[PDB]
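Just the one chain here, laid out as structure tokens, in the form deposited in one PDB entry.
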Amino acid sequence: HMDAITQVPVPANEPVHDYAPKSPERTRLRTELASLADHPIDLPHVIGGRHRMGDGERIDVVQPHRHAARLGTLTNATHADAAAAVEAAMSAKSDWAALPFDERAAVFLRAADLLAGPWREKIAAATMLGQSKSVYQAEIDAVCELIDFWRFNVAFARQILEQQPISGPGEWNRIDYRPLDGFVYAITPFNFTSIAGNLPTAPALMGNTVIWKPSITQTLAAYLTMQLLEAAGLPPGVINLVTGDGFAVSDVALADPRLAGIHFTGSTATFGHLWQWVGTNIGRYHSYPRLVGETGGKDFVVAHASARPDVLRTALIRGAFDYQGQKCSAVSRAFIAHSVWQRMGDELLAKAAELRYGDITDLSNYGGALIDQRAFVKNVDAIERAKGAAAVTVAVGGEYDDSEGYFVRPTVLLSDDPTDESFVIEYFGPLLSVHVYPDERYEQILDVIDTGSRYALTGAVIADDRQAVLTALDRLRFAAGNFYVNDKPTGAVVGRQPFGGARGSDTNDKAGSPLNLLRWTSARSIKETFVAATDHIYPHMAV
């Protein structure tokens, strides 16, 4: 037993290592890079703690910047593999939910310290190699953000647990944060090793069990993430990894009456498809399935006449070209005051021209390749559509070559008129559209942005002038979900920029605050009355 009201350790953001030359973390990284690249492995399903290749199609996972180089081979989950994954989750449920919160949380605090130290460069490396991330992009994702999700989620959970009610005289009211009945299906994207780790573990912390279907191109890091959790003491069957395209896994998972919920990422249309499925089929489920996730988007930057040019320039380059524009959203549209364009236009383009994309094992590169052949094709199409469109010049970039890796150069489009949002969402890649507007039209450009922005997760204003900043904060209040003043608009740091979403979204329960964790619990109130009534009659009834 235990007689205590315990505290969890206090989280803080994990520091980002730089991997500068001569640094020890850089030497460690090269060891890990060579080790993963030179020793490709089977990437098996992990079900009830057993690692097994299955009977489905074998699919290679390769380095996107060098696609002839194999990192591993997975088998596409069959229906049978998925049914086994589910049975394993249901079978581990009882022992996992009975562990006290403090002991489930130690698993993830431990996993976090393991990722911060001895696993750090292995997980960074795996993310670099599979997902074509520069070391800095791997470090802010697979190390830091994943570490922070675990440590802050443990703190968020613990805070949820002490949210208790008032007891009136003669009674005692308490609240019990129950885990869900049934299993949770986590489907994770290629873009972040952190999201891939978090979507399955967050519900797990609150006492649930999980089946987890990672994106094929992220599966090296996902499998390693699974080994890390096992080394931290995650029990068998609490999370069950199934590799592949996910088709057979969804057939099975969505037909099972024990589906408690789905933690995923996707478009508005994906959400509506799932709503439609679950609403139509609601009588088939024991519980009402919970559908918790976030979308992608494309973002914008507006520079006022007071914008600092070098700040603006650097925000556009990073915002648009960090990770080859493949974050959950990237900067696709810049609106730049004419006088500020005269000062930094040429520098933007020259630097964009010099910006090196190549093999990420060469640490001098800024970034790597696009994630796969389908992504490449989408970019090529968007470039060809721009070369032949009226409005648009290709001012720099637009070259591409899939012979060695899925390489697309940084590309700046100049549009004579405000760039239409519908074009920029058809791909994810290093393509930035710029529209130069007359300084005195700042307010009109803000209205144009507002009126033509349905798909931005984030926006930024660059301006030293306070009225200009405030006017943007007012006028674009609903045009994006996270807003930035004098920096690139980008991925949040955990605990710092929670929430957001594109216009009209309902996704404030996504990862990054306690609201996510709540979705993985079902609270009940318990009341005890000490001396209840012994007569049913009420004072109003007396003669």
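Here the rigid core means the biggest group of C-alpha atoms that line up within 1.5 Å when the two forms are laid on top of each other. Only residues modelled in both forms are compared. Residue numbers count along the first chain shown, from 1. What changes on going to the form deposited in another entry:
With the rigid core aligned between the two forms, only one of 267, 373, 451, 342 has a CA shift of 2 Å or more: 267. The rigid-core alignment places the CA of residue 467 less than 2 Å apart between the two forms. Annotation: Cα of residue 159 displaced by less than 2 Å between the two forms, core superposition. The Cα shift for residue 400 between the two forms, taken after rigid core superposition, is smaller than 2 angstroms. Core-superposed comparison between the two forms: residues with C-alpha shifts of 2 Å or more form a single run of three or more, at 266 to 281.
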Given for the second form:
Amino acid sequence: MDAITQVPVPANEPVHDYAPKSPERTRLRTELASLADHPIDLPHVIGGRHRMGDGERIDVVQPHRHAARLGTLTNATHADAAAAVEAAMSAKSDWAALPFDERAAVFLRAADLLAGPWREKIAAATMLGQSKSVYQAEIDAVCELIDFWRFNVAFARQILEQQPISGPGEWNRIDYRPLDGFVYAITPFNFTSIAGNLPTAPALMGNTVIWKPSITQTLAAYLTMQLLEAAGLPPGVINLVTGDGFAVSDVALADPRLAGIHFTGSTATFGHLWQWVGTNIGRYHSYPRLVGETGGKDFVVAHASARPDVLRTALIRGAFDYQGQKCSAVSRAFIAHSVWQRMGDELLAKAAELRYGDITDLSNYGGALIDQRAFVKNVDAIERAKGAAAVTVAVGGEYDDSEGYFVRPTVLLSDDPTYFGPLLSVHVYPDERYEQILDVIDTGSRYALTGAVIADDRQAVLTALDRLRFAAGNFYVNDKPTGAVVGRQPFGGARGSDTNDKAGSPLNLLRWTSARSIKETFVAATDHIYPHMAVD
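Could you present the same protein in the form deposited in another entry, rather than the form deposited in one PDB entry shown above?
Next up is only this chain, free of partner chains and other molecules.
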């Protein structure tokens, strides 16, 4: 080929509503039945071979109906992890040798397969295994994943045209090489889009990968692998290993060819990996690149000029969409007294009526918590709230793990302005102490991922944007601080983090390259003496 080609221009994928009478609702019912009725083995996918391993069998179930099995995986053994690392290294040369456009076409094809014939299949696997309502599944497993793929192809293509200046008599170029060695992607339960992106973003740039998805997301992870295969992903470029990850990390973190880790999950797990890499630093051929993001909890401050209906809705969605389990959910709200007088009883009444249940009933707002450990952590929190003098349970606080891991939307009233779940703490503050509340928030700002101000008053909005500039990584005005859309709300991260390079911008993709400069000089010097040396 003699060409300087351009990739298709990305736009965000439209979100389907699955309203009654819509055709996508019919298709979704069909896929929900198909997956829930035919539970399957969920194998490792190594070198293109789908195989169960010799580790412990672990059932993947519907969290909202936990006796209902969706499939069964095997806990990866050391042998399975070693096979995945070898397959990733054996696939590297043919994959890195493919031209960029052929690598990009796999992910553009995967995007259009997910937008069209696989759409409800992947949305249903996510609803079932992760206990997401259809809306929560549509924005995540379908739209966000599609946009990661289309946008990362466009961001990669933008990176490749960033080229230097050529002086007279020379030509300077930059080549964005892939890394040496394999990348290890470790992905969380809560987003099928993150789970698909972490391994595929480095692959787009010519790397190969071993991918360890969260057990409770593995139905959608495996269907994602099938989809990628259907798009033409060559065997071994991504290798899926199932289970709790412990034997995989034993192998991967000991291998000298480890080039990077792409991680999203808890700070505790990230810290363990970072320590391990550091301890082993002397054995790696390359300095391993550790990239990703950890969670946090978000706050909302409503000024006396807040619209009460906007605030009520932002709080209900922000705290209770996907049962509070989004990488960030609204956990703490600070509301001016005069606004609480206008919307406080309505918030508690709507929270008390909010329906959580089996998400194959599309009328439910949401489902259950992801697994028994999450449920235990939520019960411990609610019982701590009931026993703490500073907090009252205003609505909710009931829980029952008999059918599914169900916890009710809970609103706590906290008299003192000083784990994921459907819990919201509200502190009501006198209207004239808005600036003082902003100070309190800033002083308590360690695990602050996102913040929002609700205020029609422009001075109040600017005061919040300024006073809390360093107190949160993403800031929202008159909306809930949840729901970031690829291309639209990149960046942030908790205060003090170094996560500018997380997914959603070209800076992530650059982490999976090692740029070299190439300089050709056309008529270089043929005498070494310099002008200053002359006599004189």
